[PDB]
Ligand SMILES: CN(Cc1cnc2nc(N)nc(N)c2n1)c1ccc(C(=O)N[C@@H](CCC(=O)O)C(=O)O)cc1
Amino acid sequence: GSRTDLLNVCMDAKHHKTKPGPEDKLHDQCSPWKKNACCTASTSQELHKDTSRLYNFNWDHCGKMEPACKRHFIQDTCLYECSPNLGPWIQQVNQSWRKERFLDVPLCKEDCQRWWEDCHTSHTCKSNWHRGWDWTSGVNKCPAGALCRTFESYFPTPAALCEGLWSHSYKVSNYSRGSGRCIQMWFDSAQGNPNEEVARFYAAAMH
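Chain structure, single chain, in the form solved without the ligand:
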């Protein structure tokens, strides 16, 4: 094989398409991926719906999450579901309907900082959202022992948030947005998808 085999691929998990392709009808925040996506239109619709049971996650576990904060979580979800440029960060986990996950996606420090700043006023009860919720109500709720606190209590720094939230799905890069060496969670599609060249950078040959 070749390192370029990790370019333009979709991870093997849950909703993902088998291979990347255009999706003219991606919804709202996911539309920047419309030219080449690993998500379907339906997935993009459902992830925007706070009460969806097709895409079930309760962002309002500690009262209503501020829109300025929630938008980042939606954006994170669009990148996760739709990106065809995260091949270099795929890791095998081999769970039911979830063969792969992401490991250490090098999120631009500016995207991490802004996410954290915008979520400073909001509340949560957990520093790792990937496991441990009480799901007996039908949606995730704060489990025993987990008190609602300011985001800053559970995530003292932006790195704590981006790296901790989904068990190291991101690793903060100190490169700048548009360096071509860190993944942007937020980008407009006007001038193409800037993460294509980022994947190519990390896929370049050894030595």
The other form holds:
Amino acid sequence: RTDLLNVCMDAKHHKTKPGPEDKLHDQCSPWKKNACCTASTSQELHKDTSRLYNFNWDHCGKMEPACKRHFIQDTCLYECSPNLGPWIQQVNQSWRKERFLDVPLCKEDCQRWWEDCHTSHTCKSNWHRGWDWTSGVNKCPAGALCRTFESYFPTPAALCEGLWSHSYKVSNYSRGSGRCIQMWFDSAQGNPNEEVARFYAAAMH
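Give me the form deposited with the ligand bound now, not the form solved without the ligand.
Since only the chain itself is given, any partners or molecules it might have are not part of what comes next.
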């Protein structure tokens, strides 16, 4: 149980162990007291088609700012959170040894993300597997047309759950309940996800 608290998963850019990073950039700054990401990672992850995975958000024309801020935020959580131990699973992949499964995302964060992305476009309902990477950057593969976000993600759950192969599930608990993981939080009273990781480590046991 306690073994699941305050760890970093074994993945491409993660630090070995959580620790302070006073210089976390922009949207990742709320993790600055305790983070699995380096300052340099936090900086690079804000960029379009960044060097972290050469991943292009603007694969079906430009993704709108109100939408892209959520993908940036989600990447801060993925690369920086020391509070997702309870959901870590082993995986066979060339670029990471572990990933997350069924992280209980607060329903409002999923809802807000889905809504803010309605005016954006994509060509796939799962962005973890199946891209054409032959150019060095992800491109829509054979059979995959550009459509409205809603076409590929007809509900908030389809976005948050389908996007990274069920790395999230949409919790029925709300932001602030201490019973779901917040993607978006300010740090004034601490990182609220610590208490959540603590609760589920024991509750899932």
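Residue numbers count along the first chain shown, from 1. For the two forms, the rigid core is made up of the largest set of C-alpha atoms that agree within 1.5 Å on superposition.
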Among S52, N140, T40, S31, whose C-alpha is off by 2 Å or more between these two forms on a rigid-core fit? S52
After fitting the core, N94 CA displacement of 2 Å or more between these two forms: yes
